[PDB]
Amino acid sequence: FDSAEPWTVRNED
Amino acid sequence: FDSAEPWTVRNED
Amino acid sequence: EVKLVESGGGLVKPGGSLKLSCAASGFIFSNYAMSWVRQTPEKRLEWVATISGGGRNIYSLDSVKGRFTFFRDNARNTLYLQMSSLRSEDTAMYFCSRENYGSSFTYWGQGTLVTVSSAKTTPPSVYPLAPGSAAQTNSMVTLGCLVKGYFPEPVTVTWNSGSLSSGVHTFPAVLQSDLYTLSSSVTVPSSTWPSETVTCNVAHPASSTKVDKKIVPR
Amino acid sequence: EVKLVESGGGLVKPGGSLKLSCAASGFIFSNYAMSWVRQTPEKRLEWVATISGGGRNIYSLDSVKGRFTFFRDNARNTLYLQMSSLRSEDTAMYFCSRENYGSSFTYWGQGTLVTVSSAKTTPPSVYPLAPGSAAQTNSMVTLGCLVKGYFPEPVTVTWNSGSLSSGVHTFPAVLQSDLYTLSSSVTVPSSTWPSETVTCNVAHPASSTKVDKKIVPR
Amino acid sequence: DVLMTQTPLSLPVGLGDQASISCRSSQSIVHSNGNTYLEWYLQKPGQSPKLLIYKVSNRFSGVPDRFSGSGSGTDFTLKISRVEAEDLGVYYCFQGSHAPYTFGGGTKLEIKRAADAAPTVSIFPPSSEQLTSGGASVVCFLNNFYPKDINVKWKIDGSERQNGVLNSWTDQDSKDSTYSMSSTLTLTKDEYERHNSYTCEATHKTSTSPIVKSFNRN
Amino acid sequence: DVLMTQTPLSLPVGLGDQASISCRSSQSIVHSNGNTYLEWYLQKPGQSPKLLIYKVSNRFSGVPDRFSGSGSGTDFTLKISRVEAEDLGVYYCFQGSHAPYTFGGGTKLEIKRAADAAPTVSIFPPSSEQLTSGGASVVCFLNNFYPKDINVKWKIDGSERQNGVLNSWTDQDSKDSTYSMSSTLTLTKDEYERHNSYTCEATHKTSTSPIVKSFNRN
Ligand SMILES: [Cl-]
Ligand SMILES: [Cl-]
Ligand SMILES: [Mg+2]
Ligand SMILES: [Mg+2]
Numbered sequence: 215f216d217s218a219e220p221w222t223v224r225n226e227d
Numbered sequence: 215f216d217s218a219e220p221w222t223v224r225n226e227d
Numbered sequence: 001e002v003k004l005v006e007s008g009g010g011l012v013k014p015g016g017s018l019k020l021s022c023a024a025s026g027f028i029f030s031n032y033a034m035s036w037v038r039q040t041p042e043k044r045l046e047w048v049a050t051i052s053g054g055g056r057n058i059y060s061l062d063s064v065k066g067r068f069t070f071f072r073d074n075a076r077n078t079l080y081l082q083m084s085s086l087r088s089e090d091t092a093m094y095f096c097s098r099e100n101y102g103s104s105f106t107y108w109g110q111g112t113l114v115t116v117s118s119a120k121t122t123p124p125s126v127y128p129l130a131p132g133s134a135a136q137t138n139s140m141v142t143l144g145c146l147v148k149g150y151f152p153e154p155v156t157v158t159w160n161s162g163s164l165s166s167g168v169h170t171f172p173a174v175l176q177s178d179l180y181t182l183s184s185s186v187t188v189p190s191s192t193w194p195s196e197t198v199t200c201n202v203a204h205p206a207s208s209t210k211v212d213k214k215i216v217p218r
Numbered sequence: 001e002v003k004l005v006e007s008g009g010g011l012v013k014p015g016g017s018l019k020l021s022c023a024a025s026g027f028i029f030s031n032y033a034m035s036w037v038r039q040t041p042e043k044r045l046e047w048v049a050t051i052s053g054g055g056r057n058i059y060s061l062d063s064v065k066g067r068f069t070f071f072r073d074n075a076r077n078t079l080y081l082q083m084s085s086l087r088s089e090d091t092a093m094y095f096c097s098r099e100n101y102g103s104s105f106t107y108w109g110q111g112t113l114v115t116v117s118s119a120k121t122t123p124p125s126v127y128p129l130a131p132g133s134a135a136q137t138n139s140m141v142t143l144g145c146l147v148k149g150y151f152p153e154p155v156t157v158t159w160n161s162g163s164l165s166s167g168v169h170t171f172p173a174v175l176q177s178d179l180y181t182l183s184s185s186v187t188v189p190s191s192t193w194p195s196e197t198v199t200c201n202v203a204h205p206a207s208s209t210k211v212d213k214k215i216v217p218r
Numbered sequence: 001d002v003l004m005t006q007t008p009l010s011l012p013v014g015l016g017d018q019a020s021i022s023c024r025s026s027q028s029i030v031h032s033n034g035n036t037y038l039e040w041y042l043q044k045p046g047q048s049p050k051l052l053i054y055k056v057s058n059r060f061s062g063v064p065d066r067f068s069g070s071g072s073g074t075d076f077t078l079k080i081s082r083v084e085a086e087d088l089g090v091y092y093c094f095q096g097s098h099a100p101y102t103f104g105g106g107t108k109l110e111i112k113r114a115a116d117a118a119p120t121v122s123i124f125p126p127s128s129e130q131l132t133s134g135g136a137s138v139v140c141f142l143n144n145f146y147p148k149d150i151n152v153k154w155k156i157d158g159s160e161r162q163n164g165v166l167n168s169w170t171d172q173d174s175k176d177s178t179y180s181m182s183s184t185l186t187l188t189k190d191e192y193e194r195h196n197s198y199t200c201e202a203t204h205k206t207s208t209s210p211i212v213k214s215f216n217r218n
Numbered sequence: 001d002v003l004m005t006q007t008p009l010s011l012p013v014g015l016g017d018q019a020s021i022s023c024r025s026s027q028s029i030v031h032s033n034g035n036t037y038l039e040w041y042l043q044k045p046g047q048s049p050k051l052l053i054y055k056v057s058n059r060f061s062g063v064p065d066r067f068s069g070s071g072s073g074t075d076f077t078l079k080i081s082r083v084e085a086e087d088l089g090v091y092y093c094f095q096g097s098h099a100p101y102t103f104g105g106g107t108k109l110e111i112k113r114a115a116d117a118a119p120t121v122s123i124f125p126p127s128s129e130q131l132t133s134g135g136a137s138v139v140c141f142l143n144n145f146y147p148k149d150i151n152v153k154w155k156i157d158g159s160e161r162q163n164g165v166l167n168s169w170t171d172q173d174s175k176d177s178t179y180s181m182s183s184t185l186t187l188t189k190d191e192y193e194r195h196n197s198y199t200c201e202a203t204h205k206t207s208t209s210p211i212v213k214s215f216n217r218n
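Heads up: the protein sequence lines correspond to chains M, M', H, H', L and L', in order. A prime marks a further copy of an entry chain. Numbered per the deposited numbering, the first sequence spans residues 215 to 227. Numbered per the deposited numbering, the second sequence spans residues 215 to 227. Numbered per the deposited numbering, the third sequence spans residues 1 to 218. Numbered per the deposited numbering, the fourth sequence spans residues 1 to 218. Numbered per the deposited numbering, the fifth sequence spans residues 1 to 218. Numbered per the deposited numbering, the sixth sequence spans residues 1 to 218.
To be clear, the hints were calculated from the coordinates, so they are not data collected in a lab. We put the beta carbon where it would ideally sit given N, CA and C, even for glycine. Some hints here could point you the wrong way.
[As the list claims (entries may be wrong)] Straight-line distance between alpha carbons at most 27 angstroms, and here's what the computed BS3-like set of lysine-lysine pairs gives:
#1 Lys50/L' <-> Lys43/H'
#2 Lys79/L <-> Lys148/L
#3 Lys120/H' <-> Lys210/H'
#4 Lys155/L' <-> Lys189/L'
#5 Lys43/H <-> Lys44/L
#6 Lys50/L <-> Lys44/L'
#7 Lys210/H' <-> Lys214/H
#8 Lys79/L' <-> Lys175/L'
#9 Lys3/H' <-> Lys55/L'
#10 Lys3/H' <-> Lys44/L
#11 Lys213/H <-> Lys213/H'
#12 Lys50/L' <-> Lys3/H'
#13 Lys50/L <-> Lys175/L'
#14 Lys44/L' <-> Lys44/L
#15 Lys120/H <-> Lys213/H
#16 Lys44/L' <-> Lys175/L
#17 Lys175/L <-> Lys79/L
#18 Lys175/L' <-> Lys43/H'
#19 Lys44/L <-> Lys112/L'
#20 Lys44/L' <-> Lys108/L'
#21 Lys205/L' <-> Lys155/L'
#22 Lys3/H' <-> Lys205/L
#23 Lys108/L <-> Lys175/L
#24 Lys214/H <-> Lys213/L
#25 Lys175/L <-> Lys148/L
#26 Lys3/H' <-> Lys213/H
#27 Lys44/L' <-> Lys175/L'
#28 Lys55/L <-> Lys3/H
#29 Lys210/H <-> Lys120/H
#30 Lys175/L <-> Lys108/L'
#31 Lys19/H <-> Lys214/H'
#32 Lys210/H <-> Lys214/H'
[To be verified] Here are the in silico distance ranges between beta carbons for each label pair:
#33 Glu160/L' <-> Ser84/H: 49 to 59 angstroms
#34 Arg87/H <-> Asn31/H': 58 to 68 angstroms
#35 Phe27/H' <-> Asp157/L: 34 to 44 angstroms
#36 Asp116/L <-> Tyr101/H: 43 to 53 angstroms
#37 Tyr101/H <-> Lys205/L': 20 to 30 angstroms
#38 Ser70/L <-> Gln82/H: 34 to 44 angstroms
#39 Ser217/M <-> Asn31/H': 11 to 21 angstroms
#40 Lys214/H <-> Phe215/M: 49 to 59 angstroms
The shape of chain M in the complex, shown without the other chains:
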């Protein structure tokens, strides 16, 4: 988990 990962919707299923 990275709190600063930039993807906003990509990583949501």
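On the provided structure of chain M, position chains M', H, H', L and L' with the ligands as indicated by the hints.
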């Protein structure tokens, strides 16, 4: 049969 | 390889004559029958004639007998349509098409437009379309050109000589009182206009007219 | 609906700076992360950076850290790429792309070209290409234009302002000694040239050059 | 003569879903040689017709197996197993068995888009160039909307204007599931200068109130 | 960093036949959230890349069921069940699991045409315009041939010429299963005027002798 039908290859199978 | 290109279309008065040509390449021309098919302004397709490979056997619409002549020059890979006594009903896009084993119209050309009318050839006036009432906060700005009062069809429109292509809408012409009007819109980033130039290029082959109209701020 | 349009590309000296923009429409911009992806001259794709919807979280290539800045103006639906200390390795087509649930690069723009070079901007010389050694019995004739000695890429070529489209081949430019050369061919019915005019339209946005070159018989 | 009755006249279908297009002939179309020369063509936007199916059920080279033809005697059906955006356009049946050969009237396939899209409306005042020539055309673009149903009116100082209005329409294409429309109001310069406010007003499913663009002649 | 090894580099396949494109990652590409962000893109000629497959095996909206993705951990495969001309272009795999994100090097899909096509060769002398400026470029088009293998040489008064030659190439596109090539020989005006005969000579499978076009400076 029409001897003057214009199709040259169309009617050949 | 296979290529068919029609030409010779244009404006002709009722009762007038016109010769259409169809240039062929990429196959043994005389081995195949060729047809003429026309598309009316209402977009219906109509078969007009079919002519044998050797050019001596022809089927044709009874409504064009005694008016249209179909023939080919096999030494020059060319199909012809000689039109005379032209009528308003003959106004159409004319396509040539090659047969193949089992199918009538296997390969088609791009078509050539015939307009039968008493109206005169008229070059377009091209006017720039600039805002307007657009929000300056928009990432995009929509510009356009008005191609007004020409005859006959067609006209071509490009933007920045084809450089701008993705954001373009060009609308079908509308006829009113013997003149056509057409418009074209293009959408570009607002940060690029008017800092960078945007130009619509308009050609009307029937009148040998070309206009490059720059879109400038009001 | 969804539209992405990049701009700002062009020629810049090594060590120089350049700001690219990406204009977005058709969706709620700040709801989505955006990425920059570049395509090198060898046609490899390279991810450059990804920036969050709100614009404060960024992943980027380590090789561009301290040189490139990524940010967005969500009030103006625009993504930016501020480039500085540019290198030859940065020469590429730059694309912006929007994410979606489950996929990284869902929608792409058309790209904007960045050229990092010491060579100077040079407008093209456009020369007509006419026969030649063609058989007069041919149904078709092939004409062309030579777009010689320009810099940087790109150029656009059309024929008769887009009227002629079907019989066109435009070849990729070839670089030699800091100048590009490109050619374009068009094939038309021989019965239509030179009786009817054929013209290649060439634009080189980087130099604000436009040339309409008519093809005339030798 | 053989009449070809083709239904439906148009057909909205979702991506991935199926469509059936029917063709009935007014009499048997068995050719003297025992074959049935029933063919299906597709005309994509801005293109010539192209062959899909020949002799009732045979797929032409390159035609995807999504397309299949059936029928006999006087009843025929084109079936598309699952629709793709590239399938947009007008389908025509054709009988080549009995001269004069005849086409069905066509079926326009349309995509039933999975989401709605509000029109992007832009209004453009007359150019100074046109005014000097004595005319005044006001133009309105309504771009990239879905669904098709839209009402559009011109108002001059708040009063609906009917005369001097021309409307043009574009349907969908393989790269755009949305519709666009252009409307032009043409006045004389003098008439234009007798009013203050010019309005393009649209009603569309995507807003509970009219979508309005307006300018004042200032 | 994750290396993506993509094979084959190119792939000739007949219309209607299948293709498999492989992608291997140098280490596991399971994202911290347990998903595998392995994606497939297709870049058609002259276009931006577009999304086909995401999370290994999910088809993006509008993507035909002919395309399917599989694999896990470090091994992945894109399968095309039956190929269509519209499938031409370069396919790329991409991993979005571990920064820096990385692409495979690409696979160029090509159509194995069912028939050969001889090049149409045209040669063009320098224009009078270019000569006046002191240059002399001779151009040769070799258009619409199949297969790809071709040898091309310039001869000046019968002697092979190597220097001052530039060659450009186009691959196939969805509307043309053939290849085309352009070659330009550039001399000074003075050097051009020191010789008599200029020849473009091609060797191709379709003729047992060289295909030659030549002109004499006359
Ligand atoms: Cl005959
Ligand atoms: Cl953020
Ligand atoms: Mg369904
Ligand atoms: Mg097979």
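Quick rundown of the hints versus the structure:
1. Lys50/L' <-> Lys43/H': Status holds; Cα separation ~15 angstroms.
2. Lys79/L <-> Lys148/L: holds, 25 angstroms
3. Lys120/H' <-> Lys210/H': OK: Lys120/H' and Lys210/H' at ~18 angstroms, within 27 angstroms.
4. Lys155/L' <-> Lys189/L': Within the cut-off at roughly 17 angstroms; holds.
5. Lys43/H <-> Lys44/L: holds, 13 angstroms
6. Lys50/L <-> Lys44/L': Within the cut-off at roughly 22 angstroms; holds.
7. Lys210/H' <-> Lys214/H: Answer holds: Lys210/H' to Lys214/H is near 13 angstroms, not above 27 angstroms.
8. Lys79/L' <-> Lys175/L': holds, 23 angstroms
9. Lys3/H' <-> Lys55/L': Cα-Cα ~24 angstroms, so holds.
10. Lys3/H' <-> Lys44/L: Judged against 27 angstroms, a Cα distance of about 23 angstroms means the pair holds.
11. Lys213/H <-> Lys213/H': holds, 18 angstroms
12. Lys50/L' <-> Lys3/H': holds, 14 angstroms
13. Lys50/L <-> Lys175/L': It holds: about 12 angstroms lies between the C-alpha atoms, which stays within 27 angstroms.
14. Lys44/L' <-> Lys44/L: holds, 19 angstroms
15. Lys120/H <-> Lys213/H: holds, 24 angstroms
16. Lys44/L' <-> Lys175/L: holds, 13 angstroms
17. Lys175/L <-> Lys79/L: holds, 23 angstroms
18. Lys175/L' <-> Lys43/H': holds, 23 angstroms
19. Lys44/L <-> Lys112/L': holds, 26 angstroms
20. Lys44/L' <-> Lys108/L': Roughly 10 angstroms between the alpha carbons, so the hint for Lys44/L' and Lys108/L' holds.
21. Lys205/L' <-> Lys155/L': holds, 21 angstroms
22. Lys3/H' <-> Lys205/L: Distance ~22 angstroms between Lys3/H' and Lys205/L Cα, so the pair holds.
23. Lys108/L <-> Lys175/L: The given pair, whose Cα atoms are some 17 angstroms apart, holds under the 27 angstroms limit.
24. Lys214/H <-> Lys213/L: Judged against 27 angstroms, a Cα distance of about 24 angstroms means the pair holds.
25. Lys175/L <-> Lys148/L: holds, 17 angstroms
26. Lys3/H' <-> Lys213/H: holds, 26 angstroms
27. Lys44/L' <-> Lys175/L': Judged against 27 angstroms, a Cα distance of about 12 angstroms means the pair holds.
28. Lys55/L <-> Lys3/H: Distance of about 24 angstroms is within 27 angstroms: holds.
29. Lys210/H <-> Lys120/H: holds, 18 angstroms
30. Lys175/L <-> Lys108/L': holds, 23 angstroms
31. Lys19/H <-> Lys214/H': holds, 26 angstroms
32. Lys210/H <-> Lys214/H': Within the cut-off at roughly 13 angstroms; holds.
33. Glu160/L' <-> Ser84/H: 49 to 59 angstroms: Hint holds: Cβ distance 56 angstroms, inside 49 to 59 angstroms.
34. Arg87/H <-> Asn31/H': 58 to 68 angstroms: holds, 59 angstroms
35. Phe27/H' <-> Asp157/L: 34 to 44 angstroms: Given about 37 angstroms between the Cβ atoms, the range holds.
36. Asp116/L <-> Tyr101/H: 43 to 53 angstroms: holds, 47 angstroms
37. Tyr101/H <-> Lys205/L': 20 to 30 angstroms: Since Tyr101/H and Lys205/L' have Cβ atoms about 25 angstroms apart, the given range 20 to 30 angstroms holds.
38. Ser70/L <-> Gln82/H: 34 to 44 angstroms: holds, 41 angstroms
39. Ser217/M <-> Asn31/H': 11 to 21 angstroms: About 19 angstroms separates the Cβ atoms of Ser217/M and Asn31/H', which means 11 to 21 angstroms holds.
40. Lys214/H <-> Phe215/M: 49 to 59 angstroms: For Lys214/H and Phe215/M the Cβ distance comes to about 54 angstroms; the hint holds.
In terms of the numbered hints stated before, the structure departs from none.
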